[PDB]
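The complex appears here minus one protein chain, its other protein chains still in place.
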């Protein structure tokens, strides 16, 4: 019956999501190359079991209400701000994403930008397109020999460090968790001392109160004069007026910014920034993530996360939902989603005790207000089909399924 | 040594060169940040033992011939077209330079350009300085997994191949001479194959009859649709209008040009190109070697060649002159430069035999119509002074002197 | 926690283990440098909550059954043949160990042996301790450029291959399962080919019907005349008399054996071998894993497994027991071990339902005839204490306890 399970894919996810899905039997797929209208969406999602969307579709409480058959949501993207998770949670629908499929794409972007920034290319190039010729060597540098200071040594920070070392830089980092340095990286205990020694400082941190304006005047002023600050992390992490002044005073020699406190909503919208007045600043429209390889990594991972929720019930890594996962070890398995309150499990288990059916394995995890329980029982179809009926009738039940 | 020996240094040679000069005793130095006009050049060089210059200074027959005391010429620079080699060799003046002194600067620039060109970054940055936001993934790619086509696997081609490899690209090269690949690089027999296959092609060929318009419309169309072409070898290698067509036709995704058929004379003259209308092209004012690190190596190297030759008469690597070098062992040493014709050498030696002075070592090399010779003899100072004077008189003599 | 929980540690476990134990609150520790006789073992374990042992201590049915308070068993050691798994699982006692805790020690030993065996060094050293000087080059070789034949490309085979490679040997392997090569390693289909080609063959196979006498006279003669055979997998893998013949016949140049069919019981029992008469053989008393670094990792790892399971009931990686682990979220947690038969779980849950205590999370895994379960519930201490007592009464119950 997989062929009767519908997958609606909007905004054109990578073709590899399709391959990895048609490899798992789910062949009933409506694919669109672009974002649907305030209204054709709803018509299309109505009998969809799985929807796959990107950063531009707004999966709002109004729209999820439209969807009578919806089972799980797959965001082929890093963010989920475009989805009402609380809406999906209430209806028993997990939402999955791809928070780390972009690593390489971002590191490689930071290497090229620091190669050309260190060389003054971005300025030479803007003058060139304006018919001005600006040769000089004064203040142009190669990267081999330079110090790179990476702030935030997680997935991307560590790939970058490695890349940079290939080019002969001395990598140095600062993270809040103590870490195990790869290669020759070197942890620095105080931020201010990372800043003083760094020819190039690159931010690779998450978004939150600890990161709101982490790089402000005070921190920028600590940077080594003549240095470059590159930020492809979060738009909230550097102070733009403060960077603008530091660029103006030539205290920095340049910058690359991929993310801004306010980003235009669409390509059609206009982009405005006080940094646009600087030739020696790379400004990109949030594309550190935007490669076909990441599109592909993302395609594979989020489709596999939907395949697994569909096949064996796993909600490992779900964003809005209790995480649960059981090793496949026995024919016959079911799941049950319910209001997290006293007595539900007991009722559930009774359906089998009271008829001599043996429970092989069970995993239950709860949220403030909901529970996911996956159970493996030694029974046959008829018995299960029946237990499923009964489970569905359990006061507090939101939904339940017979996975196999 | 002798703080009387005048060095004229012009066009802002790296300060390293002056440190080297001063560490060797030579303190008498006229330094200029830039070039000089005909009269003040001619004025500064009237009494100069050595000159150091860059590309903007033109030592012509007439110039050199009025440099009364000129002993040698150092081109702090790869090329020597600014200098009249022949004219110097006739006055017995060796010219030195710095042959391969920026292989790394160019390799590294190429790596940064292809990272950003592959990402469509140059365009997005142009557009962003104009208020336009352009967030795509559609033609963007990571460098890892891609094929780099290197045309000309020499000093620079080779060194580029290693960087590219240590970045996960597959490296293929096409060269007119069978070469032994470094790392996992692969030589391709047919230039057409390399083009069709490569995702990025970067030119590294010399300037000569066989490279002129090496990449015209034929060769460009053999390139992978959506690929990229980078050129930081020689202005003469690429049909620039071919290239503008192929770009306007979207047959190439972008390109990066460091050198052009006709380059501006100075930073005041206008830069004109068909390629300036394309946001997706990097134009740089011929800066592949314009790096402090390079200027520094050049400066060390060439002031070195001049000290070694003021001090011990070496001319290993001179560009207009017979190459000779003698290991220092036995105080004193002299040298003589003469027309290359039978009889001189015997004449020269006899000056020593007939007064019973022993000749410790000696090296003579000749060109076409000049010969050169360094001699070591065992004698106190006066005998050397006097014998020198005899050597000047030998028929054929151009120039001679006493080193220590 | 509770400085009352008795750990018995015997056969001189690494001190790291005690540091780990003490950092987690458990200070009540009886440590022994060596093994104990039947009566004092039995005396030390009568009131022991946990035991740590090595290979010389034999926990038999009778032993385990008189360990009144035994909660778990850690084999600080790769193997568990010393321990009665079944007998422990029936008393609801999980046994842990350290699966692959010395891949590196063995790889490194193999590398040092083949460097010296290839050089004929072992012989020259024997001879030199007898007054005899033997200075040859005739059958001596460097490792670089030679072929290493690895039989069994697993944890250790793999890790050896990398070391060998980073030393310039060519690495070939023969394995019964298609494996993906690391570095430039190459899988060979026919064991005979590998033998004929390889200069050094090193065995890394498990002990089982298919490896017994895996290298008898046939296979040895297929080896390269003058080659070398190293074995630090299992005593049972090599026809040792075959091997002595092939050595006396000069068909092999040497060998290195870490393990033998019959090993001495202790450092007092005699070691006998046909191979002892050959100077050109390295004999080692089964020390491929006997390194401080390894003992330390083992010690950290296994005292870890015991703390995690005293504290939160984990049994990830236990060797006789259903594997279950639950992320710590909501104070309190309990666990129950029972015969695996219908009815228990419902019985167990109902204890909570019927008094309105909410069950936060729960994990049950079962084996054959045992089931295991960890539960999180929201209740103050007294209710937990009391409910525990009820759980003990559930029919089927083997053992239960309250973790926090």
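Letters A, B and C mark the chains as written, and numbering starts fresh at 1 in each.
Keep in mind that, in the parts below, contacts are C-beta pairs under 8 Å (C-beta built on N, C-alpha and C of every residue); 3 or more make two chains touch, one makes a residue touch a chain.
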For the chain that does not appear here, which of the shown chains does it touch in the whole complex? B, C
Among C:44, C:97, C:105 or C:233, which residue is in contact with the omitted chain in the full complex? C:105
Of the residues C:1, C:19, C:38 or C:293, I need the one that contacts the missing chain. C:293
Of C:29, C:35, C:78 or C:115, which sits in contact with the chain we cannot see? C:115
Touching the hidden chain in the full complex, which residues of subunit C are there? Just list them. 104-105, 108-109, 111-116, 119-122, 124-138, 140-145, 163, 166-167, 263-264, 267, 269-273, 276, 279, 282-287, 289-295
Interface residues of subunit B toward the undisplayed chain are 340-343, 345-347, 349-350, 352-354, 356-366, 373
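The rule we apply is simple: only the chains that are shown with their structure count from here on.
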Contact steps required, at the very least, to link subunit B with subunit C come to 2
Which one chain sits nearest the middle, judging by mean Cα positions? A
Averaged-CA centre spacing for the pair subunit B and subunit A, given as whole angstrom: 49
Taking each chain's centre as its mean C-alpha position, how far apart are subunit A and subunit C in Å? 39
